[PDB]
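Here's the structure we're looking at; comments come further down.
Every protein chain of the complex appears in place save one, which is left out.
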Amino acid sequence: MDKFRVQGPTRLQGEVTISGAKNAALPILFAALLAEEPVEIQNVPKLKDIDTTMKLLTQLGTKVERXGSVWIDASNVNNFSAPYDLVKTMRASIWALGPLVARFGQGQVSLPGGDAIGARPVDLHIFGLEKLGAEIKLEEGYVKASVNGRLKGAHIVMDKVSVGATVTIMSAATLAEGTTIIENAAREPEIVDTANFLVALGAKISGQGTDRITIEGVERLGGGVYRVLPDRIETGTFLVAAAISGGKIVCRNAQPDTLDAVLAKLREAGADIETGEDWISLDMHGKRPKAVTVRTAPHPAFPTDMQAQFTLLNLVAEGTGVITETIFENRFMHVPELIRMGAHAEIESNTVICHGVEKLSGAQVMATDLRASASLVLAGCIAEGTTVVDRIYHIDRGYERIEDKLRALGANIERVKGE
Amino acid sequence: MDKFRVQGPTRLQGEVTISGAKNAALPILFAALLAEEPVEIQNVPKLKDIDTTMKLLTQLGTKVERXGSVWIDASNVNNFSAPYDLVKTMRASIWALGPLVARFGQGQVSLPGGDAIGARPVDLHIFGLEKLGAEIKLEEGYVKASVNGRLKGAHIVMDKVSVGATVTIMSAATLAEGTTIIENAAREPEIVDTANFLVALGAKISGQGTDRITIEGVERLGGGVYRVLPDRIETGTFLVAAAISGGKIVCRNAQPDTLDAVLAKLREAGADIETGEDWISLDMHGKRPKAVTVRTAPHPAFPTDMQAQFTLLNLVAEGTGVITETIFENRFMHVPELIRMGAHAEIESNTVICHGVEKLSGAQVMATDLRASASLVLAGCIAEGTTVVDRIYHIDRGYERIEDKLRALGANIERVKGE
Amino acid sequence: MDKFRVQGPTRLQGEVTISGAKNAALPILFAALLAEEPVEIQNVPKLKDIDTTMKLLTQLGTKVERXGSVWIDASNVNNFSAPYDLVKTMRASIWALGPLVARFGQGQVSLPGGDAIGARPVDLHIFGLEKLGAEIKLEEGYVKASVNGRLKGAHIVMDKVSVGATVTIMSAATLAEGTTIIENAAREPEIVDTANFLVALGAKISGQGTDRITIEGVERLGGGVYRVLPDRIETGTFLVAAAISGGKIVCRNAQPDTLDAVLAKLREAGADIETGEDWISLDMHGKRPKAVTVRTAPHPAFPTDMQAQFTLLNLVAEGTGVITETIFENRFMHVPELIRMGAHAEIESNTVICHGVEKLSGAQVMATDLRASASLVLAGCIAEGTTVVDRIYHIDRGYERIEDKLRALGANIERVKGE
Partner (left out) sequence: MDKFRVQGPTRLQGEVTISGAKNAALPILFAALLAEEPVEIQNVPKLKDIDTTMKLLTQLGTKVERXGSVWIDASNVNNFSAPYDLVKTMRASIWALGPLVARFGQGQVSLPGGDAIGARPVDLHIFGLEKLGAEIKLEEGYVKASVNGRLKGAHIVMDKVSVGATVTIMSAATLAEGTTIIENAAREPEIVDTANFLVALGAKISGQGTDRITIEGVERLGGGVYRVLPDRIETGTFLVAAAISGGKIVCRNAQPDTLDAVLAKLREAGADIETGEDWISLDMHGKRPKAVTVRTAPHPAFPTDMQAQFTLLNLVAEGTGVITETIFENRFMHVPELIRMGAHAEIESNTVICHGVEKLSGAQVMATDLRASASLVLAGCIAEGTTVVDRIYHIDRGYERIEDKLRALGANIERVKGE
């Protein structure tokens, strides 16, 4: 396994260019399964998740190719199954379900198992599909779906807010008979992006971005060219990178409107933030960040994807911070790792109390999940001495060349195919 | 002191006309503090809470009078405070805050104390105001706010979804200099209703009903005529009345689109439902309800105000149901009371596991919650023998003559005064 | 209703004599139901709760008289039921259950309803009796028990650590045919106190105070005289009164060994402590307390009955404090009351995060818990100006003359007759 070897303390400063959103590219790649014509998705970051998606798409009899773009030829889809291998590697493989059943009348996907950060059930996906008129059964650990002819429009109310289930139900409804109404739908920028992608293809959708999505079924989906939005989570991680290192920074290729809460939290931290129409600028004035209070919740509130990062920010901040996590059950893995580094913290249920310390100490830590890994990398950057982050493979699923981007910021980092 | 005597088991069936929403009439009644001209609010239910707002209003130097409607004249407001006594009996009293300091540059409201259901801080209200330029301080239990001149519109991202704080900020913003953007705003129907009422007065509002409300501060508010929307909770309660009694019912004067989550849940419990534009039809077909799973959350998800009612539904349903509460948490007072009647249930944190039973037994129970404890009267209706619900002043707070409506559905119930 | 008018701030200094424990007196009074001959219980505090138990005993046909002692003659008990009204005034009434069935083969108690601090089910009580051979049915809110012949000893492993259930099962077992083992029994000092009492009556018990209590049933219990232990919560509460007021105090007629957790906690808050066989001295050296961390759990861990008091301590302590409640998840009524007084806290589920402030301010607050009540009176002592605590009926239930005790310490406190 690769590892990162980092040395600090180090002031993170400079310019950085945001990559396409991991969370927009994924659901759009799966949506392409609905397209009968050549498709061109632009601004797709290079990630292990995209690789696994191209690999899975190919397995489905799809024609895939990439650079900054990813060329998709879904005209010939031949197989209808996502093997245990793929789902195991990438949860998002569940996304092939809706499109497959909507276009082909059948589809199978290995029932995901527990996750690093939570049980992560797909109950809502299956449920939405059933509402759409698909027959679903569990066999050999396989979620078996099928429908006779076309899916049927329906008024579906979501139990809880789910990004993934909204993508799943939204996607399949595009090809169904009638009108679909997804109530209590996720408002995530990536939901909007995926809906727009679907509309580019000839779908009838409205309300994307609000708690209510209306879809009018159409005979088929063509093809086109779509540019995935900027990654709000990568952007956030960089703003933070600067905010905890007394540095300054400018984010090129960003979409400020997707991160209001994060920006508000940064300001509450004592950050000097300014925004353009495609750029964000943060300045710490050499100052130490102030502790803030954080409560994760669905968009546009504070995203759970920024959580590990904010904890880090609280850990080297002046004051006592409190972080409450409402989306994921086991999303504190980063904490004990940071303590190993000299941070003071206490966990109580779904909340962690942060007692800011002046400086961090280099140590050997373990990446457990993607966004915590990026938190550990950032911790290494500011901590004293050497920090080695084991299992940086997590980082590589959701981050495109993070070592390089950090390096350009003045980071002392080496990817090590060691020990 | 007021008590309900109920005899069952009794099949609930017939017709019912839904009154005006308590939760829409309250905030509109306080927003009236902004109008410099005679205002008439139509379709106001006759509730103890409405009497209290009237009382609070009068003491502000306000001209108030009611019947079907409530006549308001706030051109002469001289007193700027909500006393301890009123805030005690009536929590919504805090709503006087925003309008007062927006309109007169000042306001005082007693800080609400302990609440059985979950404790309920108003941090969000205060914070919101402060974001608008108001200076706030705590004195002798009173939240004191003031502003030199006019409030300044701001970009406010809510830490959490708050019906109350949203109304406070939305209301006050109508009179500020500039634009106010409320991100992560509550989507409640009563919010659309209050925004609409504010516009009827001369306010510039948009986004009401979505997570992003925009307010263009205007110079002053006039007066007008506005009809309060139907009561969604009262509707669901009656719907549940039929669903738990093998009954059949028709709701007249309803606004179906405000209760999709409740309609969907009911369907899941085996109910045959149909809707028109101002009516809702429910039929159990003599059927005992099917256990279901509930998760309260912000609108349009499952409403915490329907919670105790659904716990009842679960308690006498086939199978094991689960009620999880994310808004109030300690909102399970009805449970032990129902266990007094034969129900089988365990409370684990913010969740109640429901073990459905065939029959309930009449017994003496205690009302405590203004919406929860209508559940005890519903339970009385279908329970074996005689049930006495003490302290019915609770139901009188949120339910307009519930015994008259129940009686017309075929219930054996009598309001025994004093004892 | 009665009330407390308190004026501060006031440093709490002096001596106090600890009363007999409310919590040992109660179960011992109920156990006296098993005695065939006159019984004398010494050191019984004068409390509303003792009044109520006396009333209940009398209704059963018990002969009861009191001063410092309580005189009992249960030789001619003729009635076997605890009525709705009694149980509603004081839940300990459920304690009549076990002794009635074991001795008379029959017993009826009104099923306790919802509680302020938590649902407080009595499933373990009922279950344990059933394990001993009692037949039990729920009729009109009454837990009707009966045992064809004589109770039978059984091996009982408790699902949860329960003071109430351990007392009920233990009392009943004394008259059971055979042997009874209570595995995972509560270790509360009061459990030990009640067990010695039973022994003094001729019962065969051992293990009291440890995880497994063994009871060798006997044909009959006679009479005797028993001296109740000192009230640990009263003791802890006075300790807190000095630890939060930079004062000094000595407790007379105390039992240090029953409060090690509280003592250790106090030390951490920076208190100078000394103890002897029957006394405890607390010296804050004029110092403000250091925020501490608290986790309620079964004895000998930190007692949930000291919880609200430590919350108060954290509230005026230096630093950020954390209070976690594992016995009663809703035991936070006092927090918002304290917030009304200038305190700074956030409630996250079963945990309250305390941010110590320099001073508190007088305000009108409402008592609710026969323990937060005390906390509010303490806060009044150290707060700036005038504090009024409504509903002090609560205090009277758990504290014997708390105003004279405080008064003797320097407290400016007056009992107002309603206004």
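Chains: A, B and C, in written order; residue numbering restarts at 1 for each.
By our rule, contacts are C-beta pairs under 8 Å (C-beta built on N, C-alpha and C of every residue); 3 or more make two chains touch, one makes a residue touch a chain.
Asker: Which is it among B:108, B:245, B:258 or B:350 that touches the chain not included here?
Answerer: Of the candidates B:108, B:245, B:258 or B:350, B:350 is in touch with the missing chain.
Asker: Hey, which of A:70, A:366 or A:377 is the one touching the hidden chain?
Answerer: A:366
Asker: If I consider the whole complex, including the chain that's not displayed, which of A:113, A:178, A:276 or A:418 touches that chain?
Answerer: Going through A:113, A:178, A:276 or A:418 one by one, A:113 is the residue touching the chain not shown.
Asker: Which is it among A:65, A:329, A:404 or A:414 that touches the chain not included here?
Answerer: Among A:65, A:329, A:404 or A:414, only A:329 touches the chain that is not shown.
Asker: Footprint of the hidden chain on subunit B, which residues?
Answerer: Its contact residues with the unshown chain are 293, 319-320, 322, 324, 346, 348-351, 353, 355.
Asker: What residue numbers in subunit C mark contact with the hidden partner chain?
Answerer: Answer for subunit C: residues 155, 157-161, 183-184, 187, 210-212, 260-261, 263-264, 293, 295, 297, 300-302, 326 touch the chain left out.
Asker: Please give every residue of subunit A in contact with the chain that is not shown.
Answerer: 84, 111-115, 119-121, 138-141, 329-330, 332-337, 339-342, 347, 361-366, 368, 385
Simple rule for what comes next: only the chains that are shown with their structure count from here on.
Asker: Measuring from the mean C-alpha position of subunit B to the mean C-alpha position of subunit C, what distance in angstrom results?
Answerer: Each chain's C-alpha centroid was found; their separation is 37 Å.
Asker: Residues of subunit B touching 2+ other chains?
Answerer: There are none in subunit B.
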